[PDB]
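Engineer: What follows is the residue order along each chain.
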Amino acid sequence: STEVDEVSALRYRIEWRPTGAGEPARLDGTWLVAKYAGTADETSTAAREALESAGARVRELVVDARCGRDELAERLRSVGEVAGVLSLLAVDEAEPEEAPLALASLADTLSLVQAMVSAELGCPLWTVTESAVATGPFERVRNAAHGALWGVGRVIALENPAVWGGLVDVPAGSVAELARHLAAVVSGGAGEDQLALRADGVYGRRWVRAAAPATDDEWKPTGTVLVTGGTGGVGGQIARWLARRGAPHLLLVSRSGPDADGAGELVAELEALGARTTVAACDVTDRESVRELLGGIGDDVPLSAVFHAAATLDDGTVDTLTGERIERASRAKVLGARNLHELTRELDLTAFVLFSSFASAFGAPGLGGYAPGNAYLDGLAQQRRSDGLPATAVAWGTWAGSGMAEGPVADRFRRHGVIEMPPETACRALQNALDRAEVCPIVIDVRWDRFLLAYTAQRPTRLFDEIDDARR
Amino acid sequence: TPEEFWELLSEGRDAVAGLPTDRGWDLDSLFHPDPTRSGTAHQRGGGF
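Protein chains in written order, with full-length UniProt numbering: chain F, 1444 to 1915; chain H, 575 to 622.
Treat the hints with care, since some could be wrong.
What the hints assert, rightly or not - Covered by chain F, per the in silico footprint, the following chain H stretches (three or more residues, Cβ under 8 Å): (1) 583-594; (2) 601-610.
As the list claims (entries may be wrong) - With a cut-off of at most 25 Å between alpha-carbon atoms, the simulated SDA-like pairs for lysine to any residue come out as follows: (3) F:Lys1663 to H:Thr610; (4) F:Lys1663 to H:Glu577; (5) F:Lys1663 to F:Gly1689; (6) F:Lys1663 to F:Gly1850; (7) F:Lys1663 to H:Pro576; (8) F:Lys1663 to H:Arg611; (9) F:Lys1663 to H:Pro609; (10) F:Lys1663 to F:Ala1622; (11) F:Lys1663 to H:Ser584; (12) F:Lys1663 to F:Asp1878; (13) F:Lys1663 to H:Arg618; (14) F:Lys1663 to F:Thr1755; (15) F:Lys1663 to H:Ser612; (16) F:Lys1663 to H:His606; (17) F:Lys1663 to F:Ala1562; (18) F:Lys1663 to H:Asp600; (19) F:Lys1663 to F:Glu1485; (20) F:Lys1663 to H:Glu581.
Note that these hints are calculated values from the structure, not bench results. No residue lacks a Cβ here, since even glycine has one placed at the ideal position from N, Cα and C.
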């Protein structure tokens, strides 16, 4: 192969490699254990000893769901100078079934970050998460909604490097890793902003090149293809490629639907290339709407190619980012894919490709509301695939022709990093990712010559150490 | 070391944690829902 060499440079993957636990330094001042107060947590006690013994003192910071963007600020000013905060509110917390992005931990973490911003404190914040991300497909993510916190944390550090410390993942149920590592992790000079403490050590999130040997296995679009948000470019070019490849049926579904600017032309193009293409003005947020849509799928053809592409976005700036805001800002993707996952748990899908973006892959200003949604999609693929269920969560870069992630952030990053990817090779990248059934590919054309001075300039991180040509 | 093996063996600690990431393993083609796919592994961990 020679033409897939470009696809090899297109695709990367997120791997958790064993990093150092950090250099333990005797802290000073205080380190707040910010959390809830509904249930007594031995987690708070596991952090208490570690920080009193690390040199500082421990003071509890109770935060309620949307209790205010300021309350924590005057609380931080009342305690005084703080050397860092441990957010222990995202541990052993169930996902509210109303919305994945309405997670209380995400909302209070955003409020706490902005409270530090408005409190003129300048202390690092470490959000302890309970198995929110996996160190590999050998581990299962308990809650994909908790990964939204990870994504928004990756975005936050690009806004306030002094305020954001990072995230520290710990296993579900066990609190020994906290006592073993937190003291060195929070004060560590290694520079890791993504930490996963497991029984076998400490793992840092890293970008690593994904090999593409062009495995002989081929994925075909046989069956109807549920292209959520098919009218949009992210779904539009994918539907065009599906029709080109020989998709028997195509099921573009979006709220705009027939009332979309370009719906008829797209439908005509897919009918010319493929066959049996239908556009449908149907909501994806409602569980019963998707239920009756799948029930209305003709029994003549089974559903096996749910290609979720719908995503809503207006702004991604952290100064106004609240979790309830993120919930309504990106409900199309999270609730949509959750409903589709719970619906197709009884369906034999050959593909459930989740269309996320680089916002959850690496930090991106202006995409702080997009990231949490894309991160739920990533976690869902890790889980549904860790389950006996089919999945894939491709994080597309700047789409060339689409406009949903192609805003001011896209043209900004076009000059200091990711550049527009031609669809004629992005479709081949998707085909290649479905050839190995990759859990979470990252398709991107980032140029590290300009990315080094635009991503690591504000925060020297090891995240991009495993990419060989990322040195320059 | 042989003395480090005793407090893994006397207090009842299982060494099965997960697959290694140091070695550059694929870890993605190793796990597919189809149990008969060539190139996939069935165990989700092990003492490594």
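Engineer: Hints first: check each against the structure and report whether it holds.
Structural biologist: Hint-by-hint comparison with the structure:
1. 583-594: holds (count 3)
2. 601-610: Answer holds; 7 residues pass the 8 Å Cβ test.
3. F:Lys1663 to H:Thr610: holds (19 Å)
4. F:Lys1663 to H:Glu577: violated (56 Å)
5. F:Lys1663 to F:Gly1689: Given pair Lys1663 (chain F), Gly1689 (chain F) holds - Cα atoms ~8 Å apart, limit 25 Å.
6. F:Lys1663 to F:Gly1850: Measuring from Cα to Cα gives roughly 32 Å; hence the hint is violated.
7. F:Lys1663 to H:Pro576: Violated, because 54 Å separates the two Cα atoms, which is more than 25 Å.
8. F:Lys1663 to H:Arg611: holds (17 Å)
9. F:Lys1663 to H:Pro609: holds (20 Å)
10. F:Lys1663 to F:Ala1622: violated (50 Å)
11. F:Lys1663 to H:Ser584: violated (54 Å)
12. F:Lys1663 to F:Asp1878: Within the cut-off at roughly 10 Å; holds.
13. F:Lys1663 to H:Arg618: Status violated; Cα separation ~28 Å.
14. F:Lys1663 to F:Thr1755: violated (29 Å)
15. F:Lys1663 to H:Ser612: Given pair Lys1663 (chain F), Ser612 (chain H) holds - Cα atoms ~18 Å apart, limit 25 Å.
16. F:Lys1663 to H:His606: holds (17 Å)
17. F:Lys1663 to F:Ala1562: violated (55 Å)
18. F:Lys1663 to H:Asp600: holds (24 Å)
19. F:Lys1663 to F:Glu1485: violated (50 Å)
20. F:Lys1663 to H:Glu581: Judged against 25 Å, a Cα distance of about 53 Å means the pair is violated.
Going down the numbered hints, you'll see the structure goes against 4, 6, 7, 10, 11, 13, 14, 17, 19, 20, while the others check out.
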